[PDB]
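With the sequences and hints as input, model every part of the structure.
Number of protein chains: 2
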Amino acid sequence: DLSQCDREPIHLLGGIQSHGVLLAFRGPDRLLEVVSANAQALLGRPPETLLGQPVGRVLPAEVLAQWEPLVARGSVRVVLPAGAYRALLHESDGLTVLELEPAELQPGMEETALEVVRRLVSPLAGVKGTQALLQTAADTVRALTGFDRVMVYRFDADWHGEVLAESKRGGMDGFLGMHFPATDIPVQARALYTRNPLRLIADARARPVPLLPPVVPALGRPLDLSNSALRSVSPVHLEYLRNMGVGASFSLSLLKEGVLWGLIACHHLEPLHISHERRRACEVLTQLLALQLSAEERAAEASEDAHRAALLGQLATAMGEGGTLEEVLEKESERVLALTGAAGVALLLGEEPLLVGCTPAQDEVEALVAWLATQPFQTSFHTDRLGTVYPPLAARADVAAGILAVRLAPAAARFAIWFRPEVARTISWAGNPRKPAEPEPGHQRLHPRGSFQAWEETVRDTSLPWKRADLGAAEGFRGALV
Amino acid sequence: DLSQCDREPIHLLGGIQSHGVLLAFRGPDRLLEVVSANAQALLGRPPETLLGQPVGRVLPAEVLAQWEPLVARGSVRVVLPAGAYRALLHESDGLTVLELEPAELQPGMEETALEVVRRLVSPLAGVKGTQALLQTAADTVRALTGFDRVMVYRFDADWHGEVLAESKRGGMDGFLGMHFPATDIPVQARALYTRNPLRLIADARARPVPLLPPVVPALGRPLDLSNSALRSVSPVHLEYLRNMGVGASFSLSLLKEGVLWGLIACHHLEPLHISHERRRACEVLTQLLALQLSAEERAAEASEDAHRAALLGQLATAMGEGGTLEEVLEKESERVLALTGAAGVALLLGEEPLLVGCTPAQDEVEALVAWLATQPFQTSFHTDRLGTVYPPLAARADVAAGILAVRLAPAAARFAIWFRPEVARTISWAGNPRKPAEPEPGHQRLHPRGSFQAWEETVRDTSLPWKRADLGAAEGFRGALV
Ligand SMILES: C=CC1=C(C)/C(=C/c2[nH]c(/C=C3N=C(/C=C4\NC(=O)[C@@H](C)\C4=C/C)C(C)=C\3CCC(=O)O)c(CCC(=O)O)c2C)NC1=O
Ligand SMILES: C=CC1=C(C)/C(=C/c2[nH]c(/C=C3N=C(/C=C4\NC(=O)[C@@H](C)\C4=C/C)C(C)=C\3CCC(=O)O)c(CCC(=O)O)c2C)NC1=O
Numbered sequence: 009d010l011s012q013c014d015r016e017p018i019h020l021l022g023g024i025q026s027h028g029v030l031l032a033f034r035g036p037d038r039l040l041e042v043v044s045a046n047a048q049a050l051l052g053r054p055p056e057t058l059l060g061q062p063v064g065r066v067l068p069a070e071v072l073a074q075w076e077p078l079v080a081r082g083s084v085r086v087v088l089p090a091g092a093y094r095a096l097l098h099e100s101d102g103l104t105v106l107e108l109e110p111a112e113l114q115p116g117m118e119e120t121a122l123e124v125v126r127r128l129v130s131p132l133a134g135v136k137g138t139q140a141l142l143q144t145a146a147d148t149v150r151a152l153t154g155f156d157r158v159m160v161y162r163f164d165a166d167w168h169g170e171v172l173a174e175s176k177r178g179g180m181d182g183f184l185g186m187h188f189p190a191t192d193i194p195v196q197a198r199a200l201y202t203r204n205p206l207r208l209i210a211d212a213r214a215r216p217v218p219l220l221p222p223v224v225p226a227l228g229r230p231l232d233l234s235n236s237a238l239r240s241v242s243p244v245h246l247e248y249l250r251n252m253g254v255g256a257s258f259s260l261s262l263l264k265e266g267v268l269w270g271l272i273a274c275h276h277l278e279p280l281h282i283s284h285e286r287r288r289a290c291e292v293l294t295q296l297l298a299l300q301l302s303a304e305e306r307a308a309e310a311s312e313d314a315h316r317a318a319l320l321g322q323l324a325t326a327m328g329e330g331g332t333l334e335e336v337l338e339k340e341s342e343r344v345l346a347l348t349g350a351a352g353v354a355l356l357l358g359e360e361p362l363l364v365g366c367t368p369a370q371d372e373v374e375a376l377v378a379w380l381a382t383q384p385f386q387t388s389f390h391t392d393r394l395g396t397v398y399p400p401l402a403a404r405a406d407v408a409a410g411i412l413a414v415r416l417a418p419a420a421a422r423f424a425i426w427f428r429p430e431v432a433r434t435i436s437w438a439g440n441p442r443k444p445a446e447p448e449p450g451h452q453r454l455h456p457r458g459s460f461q462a463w464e465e466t467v468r469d470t471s472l473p474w475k476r477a478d479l480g481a482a483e484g485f486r487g488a489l490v
Numbered sequence: 009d010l011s012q013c014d015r016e017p018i019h020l021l022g023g024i025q026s027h028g029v030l031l032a033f034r035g036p037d038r039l040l041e042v043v044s045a046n047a048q049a050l051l052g053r054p055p056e057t058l059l060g061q062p063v064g065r066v067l068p069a070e071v072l073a074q075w076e077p078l079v080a081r082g083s084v085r086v087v088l089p090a091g092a093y094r095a096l097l098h099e100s101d102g103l104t105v106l107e108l109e110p111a112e113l114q115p116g117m118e119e120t121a122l123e124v125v126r127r128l129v130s131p132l133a134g135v136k137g138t139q140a141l142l143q144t145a146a147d148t149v150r151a152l153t154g155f156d157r158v159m160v161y162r163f164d165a166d167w168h169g170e171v172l173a174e175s176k177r178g179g180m181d182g183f184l185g186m187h188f189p190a191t192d193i194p195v196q197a198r199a200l201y202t203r204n205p206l207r208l209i210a211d212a213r214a215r216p217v218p219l220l221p222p223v224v225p226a227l228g229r230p231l232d233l234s235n236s237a238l239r240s241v242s243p244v245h246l247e248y249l250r251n252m253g254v255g256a257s258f259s260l261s262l263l264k265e266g267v268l269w270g271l272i273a274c275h276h277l278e279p280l281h282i283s284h285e286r287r288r289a290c291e292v293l294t295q296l297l298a299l300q301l302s303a304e305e306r307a308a309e310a311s312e313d314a315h316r317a318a319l320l321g322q323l324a325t326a327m328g329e330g331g332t333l334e335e336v337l338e339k340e341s342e343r344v345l346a347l348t349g350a351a352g353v354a355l356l357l358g359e360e361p362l363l364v365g366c367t368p369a370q371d372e373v374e375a376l377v378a379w380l381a382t383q384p385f386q387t388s389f390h391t392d393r394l395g396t397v398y399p400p401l402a403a404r405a406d407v408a409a410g411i412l413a414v415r416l417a418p419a420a421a422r423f424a425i426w427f428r429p430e431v432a433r434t435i436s437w438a439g440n441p442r443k444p445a446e447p448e449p450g451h452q453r454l455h456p457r458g459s460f461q462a463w464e465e466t467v468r469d470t471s472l473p474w475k476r477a478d479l480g481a482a483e484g485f486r487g488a489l490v
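These protein sequence lines map, in sequence, to chains A and B. Quick note: the first sequence uses the deposited numbering, first residue 9, plus one each step. Quick note: the second sequence uses the deposited numbering, first residue 9, plus one each step.
The reader is advised that the hints may include incorrect statements.
[To be verified] Some chain A residues close to chain B (C-beta under 7 angstroms, calculated; not the full set):
no.	residue
1	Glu118
2	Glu119
3	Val129
4	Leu301
5	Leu320
6	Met327
7	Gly330
8	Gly331
9	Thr391
10	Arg393
[Stated by the list, open to error] The following residues of chain A were derived to be distant from chain B, with all beta-carbon distances above 10 angstroms:
no.	residue
11	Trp75
12	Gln143
13	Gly178
14	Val267
15	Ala324
16	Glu334
17	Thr434
18	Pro441
19	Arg457
The hints are simulated quantities; they were obtained by calculation from the structure and are not laboratory data. All C-beta atoms, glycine included, are put in the ideal place defined by N, C-alpha and C.
In structure tokens form, the structure reads like this:
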């Protein structure tokens, strides 16, 4: 991939966060093969002395007492001299991996979680826009977590993102409405965050605890920490958080029909650890949000489709009525433009173009037609920045920044072309997107950018996007023109 | 017709169930106005002596201590000498109504409930049919409640219902696939269950506890118990449960888009109390099922619409390619029938009725064509039981149990008419639906039927129902033809 940013093997860094301990066992005897260097902080004896020992000799009695429920269901609460810990089991590189993390301290956590679950699963959740849906998701994640700032971050189609909603405590910086470069979350991280939907950075200023030995002996590379709850994250991201002034970070993947739609991102000014069970309660919330957004969005498309079909039905009724085609198309101009949310339409029915509403002049349309006929499309063609692909009209963003053309005949030049003007857009980036990172001389060590202050950009020469309903309506109009 | 069943005022029966206590207070001194006759077991004094007393002198300190969160939140847990009770507050008839019932005793209840909530969100529940979505909902409610039998009951358009899914104890009888008369849940019950979505019948053999006095003195009728958790239900429904052999019953209304879609109904063979907290956890599951059903239904309808529009788009290509309409329509014969899932179609392009596939004879179609013009519809007409509306073809259920017609011109009678044959359906009723009740001589006392054994009816002369995708595709074909 492109940058060095994509290259970092973030699952193979060999470090865990200092609040927990990791032990990896293999074979029928469960011999300890990999252990974190801090494992005396919970186990009494120096970790290097425990490599190669059977599990029954390294683990405390309190954990061994819970060994059967641990293996059975992969997660158990254990009470140690150092306090209550959550034990977690997964498999990686042929090893059984055991992680221990401080356990939830509030007995009423699940009751509180079930209550905020109600606030989001309730019907009527969305009855002032999906914006109120996102705001409620952010508010309830903040209530359950205690984090200073909770943001809903949506990926655009180039994988840069923007903050759509935000819940933060009074008197605190926010990022609402700002855009962030795709490189802020590089492609291997997005990959990992698609299969591992949660991640906690409990203290952005702490140093990672290394694993011992620093490679798995059979493999000659570090233990694969893809599914580790304790995995220490990229040093470059830790720098990024410090540059933002955040001491703890917790984010959750928003998966909507298989793809990474966005994130719920949380920041705290100070270190803060959330328990495993509290993180899993937060993940229920995000899966509810994904579900509410799908149902709302499909309802919106259906309503839009119904509106287009009503327009088509009225056009059909006006046909099969009086006069010629050009006459009914004259009377029904506003419906024909409304079909695709357009400001003008060129109808090429054989003679000269029929120009309805706001369109470029006849000579320019006939020229556009000559060129569309050569293009490699089948029934529909659309673009929201015509000037990039057809520079003869690149100056005419006022009437022809976007077009939608349907072919009305097989091997002949018969078309309906709808036009849209540009819509200027003011983007506010969190820092200068032209310098998304700060490499050292030589370009071997990368740093995050230093500032996230607003940096404004205006986008010109692009129309509103051609949406699914526009495309469906154009096909319906084609079928009516035969 | 408003039988005896529909007129019983089930919210004004004046009784509560024996496992709880109800008090109602009025005015700023909160004087006791109504009280259940069993209240000595909680108040220490005979209830008649407490009427007219201020709340501060009827309620133990334990309840008064929590008055403000009770008023703000509507429920609190209070620990009394008898044990832990849930206190529930609402307003009725200008009185403050207090209800007390035994509280949840399992500390881990909310943690278990959060675990079954995850089952119903998961990645994508219902990947193998909404049938498995309904099953998972019955299974999780049964797991959370411990009821012997849990059933998903859907209302049909005539408000009779059928059991679509069932989760039950081993060796238990069931009602899967069976149909029940609409009078089993009469119209005022359906109305109440739209407003109050939960109801528990903890012991179907127990007798109701009367309220004291039997009327609200200001009003001259019983206290309105619409929103009471302890309300004793209709005596004829208690007889219905006993005829079924059930000792306890619990049901949740399924509201999908504001309308009563169905019920999750639970039966226990012995008496069984479920706490308020546990009932509210079940309500989360039902609102989750409703949300899942809407998301999947909207997806299925979008997918069907997409198929119909592909069919129309192939019809458009074919017409813009060939000469004769009747030739293209002949060549494309089965796409034209697939449009509405039909077995024949009559195309009235003026001259001779063109008949494709499986249709009535030319004389017979010209007959219903003449009848169709003088009917009150603008663009489309459809029925799935043509014989009951147009007797000349009642004997032709083999080709024309259902029709769908669109008008291809305003004045004059140019139509396209799709035809469907009957589909015979075998439905099993729970008891003979001709005797849905057993009235006594004089027809003033009604009883429910005594038997629920399968009673089998085959429905004839009706097609598969015309769906919204069918109507949509026909409208699109109309636009392609005028
Ligand atoms: C409000 C907007 C907002 C945004 C847009 C935001 C970004 C964000 N980045 C990450 C993670 C990573 N970033 C990078 C690399 C680079 N980042 C750069 O700028 C350049 C210099 C670069 C490389 C050259 C890597 C390798 C990882 C994976 C770390 C790991 O998992 O090991 C995360 C998830 C972790 C978390 O929740 O804190 C988030 C949420 N956090 C916010 O709040
Ligand atoms: C497997 C399928 C299945 C069905 C289809 C089913 C029916 C059902 N009925 C009810 C309630 C009532 N029924 C009646 C009246 C009559 N019932 C008759 O038969 C005739 C004689 C009649 C009048 C002449 C009234 C007034 C009420 C309101 C009671 C109240 O709230 O006060 C309920 C809710 C309560 C609950 O979950 O147990 C259910 C779930 N219960 C099942 O499991």
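Going through the hints against the structure:
Interface hint at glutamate 118/A: satisfied, since its Cβ lies 4 angstroms from the closest Cβ of chain B, which is below the 7 angstroms cut-off. For the restraint placing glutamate 119/A at the interface with chain B, the shortest Cβ-Cβ distance is roughly 4 angstroms, inside the 7 angstroms limit, so the hint holds. For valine 129/A, the shortest C-beta to C-beta distance to chain B is roughly 5 angstroms, which falls under 7 angstroms, so the interface hint holds. With 7 angstroms as the threshold, the beta carbon of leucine 301/A stays out of range of chain B, its nearest partner Cβ sitting at about 10 angstroms, so the hint is violated.
A distance limit of 7 angstroms between C-beta atoms decides the matter here; for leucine 320/A the minimum to chain B is near 6 angstroms, and the interface restraint holds. A hinted interface residue such as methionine 327/A counts as satisfied when its beta carbon comes closer than 7 angstroms to some beta carbon of chain B; here the least separation is about 5 angstroms, so the hint holds. Interface restraint check: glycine 330/A against chain B, minimum CB-CB distance 10 angstroms, threshold 7 angstroms, status violated. The beta carbon of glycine 331/A comes no nearer than 14 angstroms to any beta carbon in chain B, farther than 7 angstroms, and the hint placing it at the interface is violated.
Interface hint status for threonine 391/A: violated, as the beta-carbon distance to the closest one in chain B is roughly 21 angstroms, over 7 angstroms. Hint on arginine 393/A is violated. Least Cβ distance to chain B is approximately 27 angstroms, over the 7 angstroms limit. Residue placement check: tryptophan 75/A keeps its beta carbon more than 10 angstroms from all beta carbons of chain B (closest about 22 angstroms). With 10 angstroms as the threshold on Cβ separation, the claim that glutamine 143/A sits away from chain B holds: the shortest Cβ distance comes to roughly 19 angstroms.
Distance check on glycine 178/A: its Cβ is at least 23 angstroms (rounded) from any Cβ of chain B, clearing the 10 angstroms threshold; non-interface status holds. Residue placement check: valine 267/A keeps its beta carbon more than 10 angstroms from all beta carbons of chain B (closest about 13 angstroms). With a closest Cβ-Cβ approach of about 4 angstroms to chain B, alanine 324/A is found to fall inside the 10 angstroms limit, against its non-interface label. For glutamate 334/A, the requirement that its beta carbon stay farther than 10 angstroms from each beta carbon of chain B is met, with the minimum near 16 angstroms.
At roughly 34 angstroms, the least C-beta separation between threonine 434/A and chain B is larger than 10 angstroms, which holds for a residue marked as non-interface. Once the 10 angstroms rule is applied to beta carbons, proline 441/A is consistent with being away from chain B; the minimum gap is 34 angstroms. For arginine 457/A, the shortest C-beta to C-beta distance to chain B comes to about 36 angstroms, beyond the 10 angstroms cut-off, and the non-interface label holds.
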